[PDB]
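Chemist: Okay, here's what each chain looks like letter by letter:
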Amino acid sequence: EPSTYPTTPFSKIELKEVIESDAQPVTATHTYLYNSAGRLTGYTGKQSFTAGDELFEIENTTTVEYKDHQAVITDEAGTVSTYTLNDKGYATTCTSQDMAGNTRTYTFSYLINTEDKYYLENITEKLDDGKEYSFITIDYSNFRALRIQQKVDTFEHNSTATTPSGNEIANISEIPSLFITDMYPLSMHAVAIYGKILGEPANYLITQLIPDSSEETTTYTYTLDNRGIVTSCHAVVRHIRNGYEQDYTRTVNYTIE
Amino acid sequence: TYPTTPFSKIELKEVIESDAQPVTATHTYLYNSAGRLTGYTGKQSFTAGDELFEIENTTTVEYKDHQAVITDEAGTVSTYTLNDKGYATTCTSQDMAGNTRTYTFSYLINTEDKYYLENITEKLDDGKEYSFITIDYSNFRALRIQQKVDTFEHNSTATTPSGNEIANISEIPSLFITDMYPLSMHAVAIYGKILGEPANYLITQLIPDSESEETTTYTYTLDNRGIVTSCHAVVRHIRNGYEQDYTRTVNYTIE
Amino acid sequence: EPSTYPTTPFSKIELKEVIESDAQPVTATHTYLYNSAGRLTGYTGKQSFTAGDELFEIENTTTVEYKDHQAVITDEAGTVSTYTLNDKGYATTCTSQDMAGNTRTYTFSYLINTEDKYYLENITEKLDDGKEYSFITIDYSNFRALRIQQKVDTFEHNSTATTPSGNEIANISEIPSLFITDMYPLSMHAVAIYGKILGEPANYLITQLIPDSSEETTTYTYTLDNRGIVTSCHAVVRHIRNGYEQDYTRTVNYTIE
Amino acid sequence: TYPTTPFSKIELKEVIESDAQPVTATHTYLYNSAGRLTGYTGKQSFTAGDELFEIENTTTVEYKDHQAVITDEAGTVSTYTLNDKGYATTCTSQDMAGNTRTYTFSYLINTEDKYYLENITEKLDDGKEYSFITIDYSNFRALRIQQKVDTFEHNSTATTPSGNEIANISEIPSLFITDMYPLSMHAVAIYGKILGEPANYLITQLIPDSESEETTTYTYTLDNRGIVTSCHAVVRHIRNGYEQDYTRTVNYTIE
Amino acid sequence: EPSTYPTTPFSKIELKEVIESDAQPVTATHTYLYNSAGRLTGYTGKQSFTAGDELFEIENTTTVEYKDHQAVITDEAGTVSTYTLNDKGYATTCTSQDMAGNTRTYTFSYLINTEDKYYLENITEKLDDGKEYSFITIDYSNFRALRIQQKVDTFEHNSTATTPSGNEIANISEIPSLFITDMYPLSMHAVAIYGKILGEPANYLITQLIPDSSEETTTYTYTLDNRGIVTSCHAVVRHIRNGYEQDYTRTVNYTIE
Ligand SMILES: [Cl-]
Ligand SMILES: [Cl-]
Ligand SMILES: [Cl-]
Ligand SMILES: [Cl-]
Ligand SMILES: [Cl-]
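Chains as they are written, first to last, in PDB author numbering: chain B, 53 to 265, 269 to 312; chain A, 56 to 265, 268 to 312; chain B', 53 to 265, 269 to 312; chain A', 56 to 265, 268 to 312; chain B'', 53 to 265, 269 to 312. A prime marks a further copy of an entry chain.
Rather than coming from a laboratory, the hints here were simulated on the basis of the structure.
Heads up, the beta-carbon is just placed ideally off N, CA and C, and yes, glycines get one too.
Hints are supplied without guarantee of correctness; some may be wrong.
[What the hints assert, rightly or not] Okay, the calculated beta carbon distance ranges per label pair:
(1) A75/B with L279/A: 56 to 64 Å
(2) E72/A with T113/B': 25 to 33 Å
(3) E271/B'' with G104/A: 31 to 39 Å
(4) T59/B with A80/B': 54 to 62 Å
[Claimed, not checked] Heads up, simulated PhoX-like pairs for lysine-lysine below, C-alpha to C-alpha not over 20 Å straight-line:
(5) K183/B' with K203/B'
(6) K140/A' with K169/A'
(7) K178/A with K203/A
(8) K68/B with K98/B
(9) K119/A' with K140/A'
(10) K119/B with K140/B
(11) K98/A' with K64/A
(12) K68/A' with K98/A
(13) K98/A' with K68/A
(14) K178/A' with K203/A'
(15) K68/B' with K68/B''
(16) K140/B with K169/B
(17) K140/A with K183/A
(18) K203/A' with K98/A
(19) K140/B' with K119/B'
(20) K98/A with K98/A'
(21) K140/B'' with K169/B''
(22) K64/A' with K64/A
(23) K98/B with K64/B
(24) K98/B'' with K64/B''
(25) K183/B'' with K203/B''
[Claimed, not checked] Cβ-to-Cβ under 8 Å is the rule here; a few derived chain B' residues that face chain A:
(26) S73
(27) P77
(28) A103
(29) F108
(30) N112
(31) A129
(32) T147
(33) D150
(34) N154
(35) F207
(36) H209
(37) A222
(38) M235
(39) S239
(40) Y309
The following block holds chain B by itself, in its conformation from the complex:
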């Protein structure tokens, strides 16, 4: 039978990161839960830190509900994102409504591969008046790289996400890149992205994000288990401004099971 929705072959995808501080370090946890059919059912964010001599844990939950050709994603703040899905279970449009009654509308378009798996090529954000406010386009033409174009109001930026030829890592982890959920407007759809509602992740892990040039490259180093599934990602941001280099590192631990 042909599939009617994208699936994740895991029951849980969990990310853990320490957000550094010389006074109050915070451990952030992002937990994505999938049902036995492989659809995302919910997301829980957690922040853990010490205050006085006591450990505190702050939680926020996002719910995912499915209807015929629809995914309804509701966060802790009461914002409802309604995704209209095609026959294959990928969103073609989204309407987001906050508790103040403000709305945002999005369209999505895809590359459809030989197996009928969909890969996001375009996210466009419109305003109430129908004015296009932002977009991200992804081009899969380069054999081992993704060409990314971003526009946020008057800001425009192009970048390339690369996989090393001869050193490719298969994305059997089925995870998105760390940078993708931080890019506006995809940053508004992180829960839909981990649920594959906005398309499949690339078939190989990305090891470099190169913005167009002052230069600011991101390098990703992965640790895998004996199944070839990601256990951690080391991200190194190298920012250069007229021969002055400042390096920032992130370590994200993964529990994919």
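Please build the complex by placing chains A, B', A' and B'' with the ligands on the supplied structure of chain B, with the hints as guidance.
Modeler: Okay, now just chains A, B', A' and B'' with the ligands, sitting in the frame of chain B:
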């Protein structure tokens, strides 16, 4: 019925100082006693955070009737269709979205029936030509290279100095050919001579067509056999009216 | 008898520098050889480093051949620079031809002193179409400073090279400044420059290179032997960008004999 | 007519944190399709001063009628005289002063005609016995080891836990045997089974004879084939009334 | 014909080292010269540094003269060391006399290998009254290590000099270890040691010097050329005092030709 390399191993080692911390890269090509490439191991050594990292990936090469099947650890299967002389005429592999990517190859056939790559064309799943590289051998001391990637076009000349030509007894390809897209996707097939024979003389300069050119100069060290032990690559660059050259040093173990 | 060519009273001028690295430091050697008549006959570049546990030395040689009113300089890559000399042996024009058949043309003009020694005042580079692509002009009007104007395509920059009044060091070493062979297009003629084919070096050593102003000054400190001949040069580049100073140091050892 | 290893490669990798800067050590043993050891490559990676260092040395193993000749890059020739079953009975090599050093070996012969080393004796050029190691297999779960180096004598017991024995399908020797003088001089011959078969079960403890013993405990990780992927070695040590244990972690690639 | 003296197959063995300072660094050079027969003929020590802005070079020369069964070594200070040699050209005794008329006497004993090459096993120093003041003994029994016993008056210390099994480097450079000429009383005979008058160096390079235990290990890392001859030695001294480690590094460059 097939091209051969008279060595059992071709290994490249390089310290890359370009990154925050220096990375050591190793590229090892292994050949069987018949002279056919059987495998490739790519290695990277560096530290990331507290963790010392050693990334090691192995690609296998299998030969069938008029075929070379190149399989990596990521599960990519690249199938090269070979002609009667053992050089690829076609290649199918899988892209970032899992679609089939097709490559065609055409050659210069010399008097000794040795094939030299003249054209690599890359076609997308819809049949659209995405990129090509053409090589003109009219003057062996000045190879005319045309590259087209999407809408962008780059022409360059690869030269050998008249009277100071070094015989390529090492049977190695130039450093620049495995960095030029789409040939940069076929480094394993290139070192296996599946995509043609390397230049008969070592190339000492890569000159782009002109602006004060960002030319690459190659300097080689040879052993007592006349086989390459190291290559120094200098890319000239002008920054605020001053020469600021980028350099690479690659050590070779050819045995 | 009046001289027909410039001369260097040494048989060898050799520069040695360590190009720093926390993994693969490289020792670079630049050797200029002069015949007993004092004309430059050749240049050898050498790079020495460790790979594994073995020392490697990479060499490149440039040849200098003389004919009536001509100097032909050929590098390791096969590029031929043909200098047309005046009656005093200084180049008035140069044509450079690479192995791909690309050509570059240059004109040179000079200050002629009371002893008929020539000091470079202008290098102009033209393109095939006759379009002026770059130039460097040197003014010797200030008693103890050189005023330098550089143009490379659309880039324009002015700088001053100074000698300290009361602390002058006679240039009996007959060497050019370190910065002169790094400035484009003089950087294309380093072998001709050390051979005095492009003029005499200034009579006193330069201790400061001050570009016009973000500021980026170079200071030179020399060590001499008991003959008053240079044995080393310490070059300190001080780059300032809105109160943020980054200092870069070079040590070049000289063997002038 | 000779012992065999059913793998083509046995590789050990270790990060040594004992030194000022961490050293990465690699020991690679290669076997031919017949199962005989053909060579060894020892590698060390570290930084010394500004220079990143990579020391790499290769030892070759050649077989002749009733002989195994082990040659290193330093020009040492170690000649092992083999019996009819392919195990060494004698060895001649060259010491620090260039004198011939002689070793004799004797074995336990099991029911399947497999040989297990019981004695290694080292003799100086004058014929003086300088050292020996004897191994008693009376109890396979508690091997009695006697070592004598000059005047100093050390007795220890190598144990396997009753009911929790791991089959040595990996065909690897213990980590401690190639550290025990004079067996520490014959690591290449040991991995080639030239000096006998390894223990049928992995050894989990090395207990010296007693004082609160400086015992070594080995913990192994196996893959789905039951072949070793890593070994963790813990040496217990008491310093000012506190436990201060020394640890080693060795990763294995047995294929 | 059987040899009557030890030989070095080089004409020069030269060591260069920078003795660090944040004010007046000194470059020290130790040059050992051998005649075409392979006997040491002389030693020159050189110290080079900057004072003011001038380079200064301080030199001291030691002469080596040979007679039947004798080597006479005279330094810059006028101290004469007379070595009595055996039939193979190795010293069995030495008498040293300074300009004040003070004398020191030494005996030497050796391991004689199958090729009749001699390796030092014992140096004993006596006083005028015949009282043994110091000794160094070297044992070659361990296949890949040297066991060293030292006694200087009431001070006694044992150490082990090791070669790594499976990673041996042949001593085709024919050089002694760096530590051997720093150990008293062998430190009084450095010129005789480089001339092989006090025996052959070990057949493999030493990579570690381990004193008996507070611990103080020396590690040696060598760089070789394509002939397998030493070009440099990196020596790292690791001193530990109750969990407090202080590391000292030396880099000695070699010119062996
Ligand atoms: Cl951009
Ligand atoms: Cl072009
Ligand atoms: Cl300006
Ligand atoms: Cl005991
Ligand atoms: Cl002691």
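Chemist: The structure should be examined with respect to each hint, and the outcome stated for every one.
Modeler: Against the structure, the hints:
1. Checked against the given bound of 56 to 64 Å, the beta carbons of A75/B and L279/A, roughly 60 Å apart, stay inside it.
2. The beta-carbon spacing between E72/A and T113/B', approximately 26 Å, falls within the hinted interval of 25 to 33 Å.
3. Our hint of 31 to 39 Å for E271/B'' and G104/A holds, since their Cβ atoms are close to 33 Å apart.
4. Between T59/B and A80/B' the C-beta distance comes to about 59 Å, which sits within the given range of 54 to 62 Å.
5. Between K183/B' and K203/B' the CA atoms are separated by roughly 13 Å; this keeps the pair inside 20 Å, and the hint holds.
6. Restraint check for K140/A' and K169/A': the C-alpha separation of about 8 Å stays at or below 20 Å, so the hint holds.
7. Proposed proximity of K178/A and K203/A is supported: the alpha carbons are some 12 Å apart, at most 20 Å.
8. Between the alpha carbons of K68/B and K98/B the distance comes to roughly 9 Å, so the proposed pair stays at or under 20 Å and holds.
9. Straight-line distance between C-alpha atoms of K119/A' and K140/A' comes to about 14 Å, which keeps the hinted pair within the 20 Å bound.
10. A hinted pair counts as satisfied when its Cα atoms are at most 20 Å apart, and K119/B with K140/B qualifies at roughly 13 Å.
11. Taken as a hint, the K98/A' and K64/A pair is honoured in the structure, with Cα atoms around 18 Å apart against an allowance of 20 Å.
12. Between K68/A' and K98/A the alpha-carbon distance is near 14 Å, which keeps this suggested pair within the 20 Å criterion.
13. For the suggested pair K98/A' and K68/A, the alpha carbons sit about 14 Å apart, so the restraint of at most 20 Å is met.
14. A distance of roughly 12 Å separates the Cα atoms of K178/A' and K203/A'; the hinted pair therefore holds under the 20 Å criterion.
15. Distance hint between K68/B' and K68/B'' is fulfilled; the C-alpha atoms sit about 16 Å from each other, no more than 20 Å.
16. As the CA atoms of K140/B and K169/B are separated by approximately 8 Å, the hinted pair is consistent with the 20 Å bound.
17. Annotation: proposed proximity of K140/A to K183/A is violated, straight-line Cα distance about 29 Å (limit 20 Å).
18. A C-alpha spacing of about 43 Å is found between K203/A' and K98/A, which places the hinted pair above 20 Å, so the restraint is violated.
19. For a cut-off of 20 Å, the pair hint linking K140/B' to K119/B' stands: about 13 Å separates their Cα positions.
20. Taking the CA atoms of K98/A and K98/A', the gap is near 15 Å; set against the 20 Å cutoff, the hint holds.
21. Under the criterion of a C-alpha separation no larger than 20 Å, the hint pairing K140/B'' with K169/B'' is consistent with the structure, at around 8 Å.
22. Of the pairs offered as hints, the one joining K64/A' and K64/A holds, with about 17 Å between alpha carbons and a cut-off of 20 Å not exceeded.
23. Of the pairs offered as hints, the one joining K98/B and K64/B holds, with about 15 Å between alpha carbons and a cut-off of 20 Å not exceeded.
24. As the CA atoms of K98/B'' and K64/B'' are separated by approximately 15 Å, the hinted pair is consistent with the 20 Å bound.
25. For a cut-off of 20 Å, the pair hint linking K183/B'' to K203/B'' stands: about 13 Å separates their Cα positions.
26. With a least beta-carbon distance of about 6 Å to chain A, the hint placing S73/B' at the interface is held under the 8 Å criterion.
27. Using the Cβ-Cβ criterion of 8 Å, the hint placing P77/B' at the interface with chain A is not satisfied: the shortest such distance is roughly 10 Å.
28. This hint holds: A103/B' has a C-beta 4 Å from the nearest C-beta of chain A, less than the 8 Å allowed.
29. Taking 8 Å as the C-beta contact cut-off toward chain A, the hint placing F108/B' at the interface holds, the least distance being around 5 Å.
30. Nearest Cβ of chain A to the Cβ of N112/B': about 5 Å, under the 8 Å cut. The hint holds.
31. Checking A129/B' against chain A by beta carbon gives a least distance of about 5 Å; that is within 8 Å, so the hint holds.
32. Using the Cβ-Cβ criterion of 8 Å, the hint placing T147/B' at the interface with chain A is not satisfied: the shortest such distance is roughly 16 Å.
33. Interface restraint check for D150/B': the shortest CB-CB distance to chain A comes to about 6 Å, inside 8 Å, so the restraint holds.
34. Using the Cβ-Cβ criterion of 8 Å, the hint placing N154/B' at the interface with chain A is satisfied: the shortest such distance is roughly 7 Å.
35. For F207/B', the shortest C-beta to C-beta distance to chain A is roughly 6 Å, which falls under 8 Å, so the interface hint holds.
36. Because the closest C-beta pair between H209/B' and chain A is about 5 Å apart, less than 8 Å, the hint holds.
37. A cut of 8 Å between beta carbons decides the hint on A222/B': the least distance to chain A is about 28 Å, and the hint is violated.
38. Evaluation of the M235/B' hint against chain A yields a held restraint, the C-beta minimum of about 6 Å falling below 8 Å.
39. Annotation: interface hint on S239/B' holds; nearest CB of chain A at approximately 4 Å, less than 8 Å.
40. For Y309/B', the suggested interface contact is broken, since its CB lies about 20 Å from the closest CB of chain A, more than 8 Å.
Comparing the model with each numbered hint stated earlier shows that hints 17, 18, 27, 32, 37, 40 do not hold.
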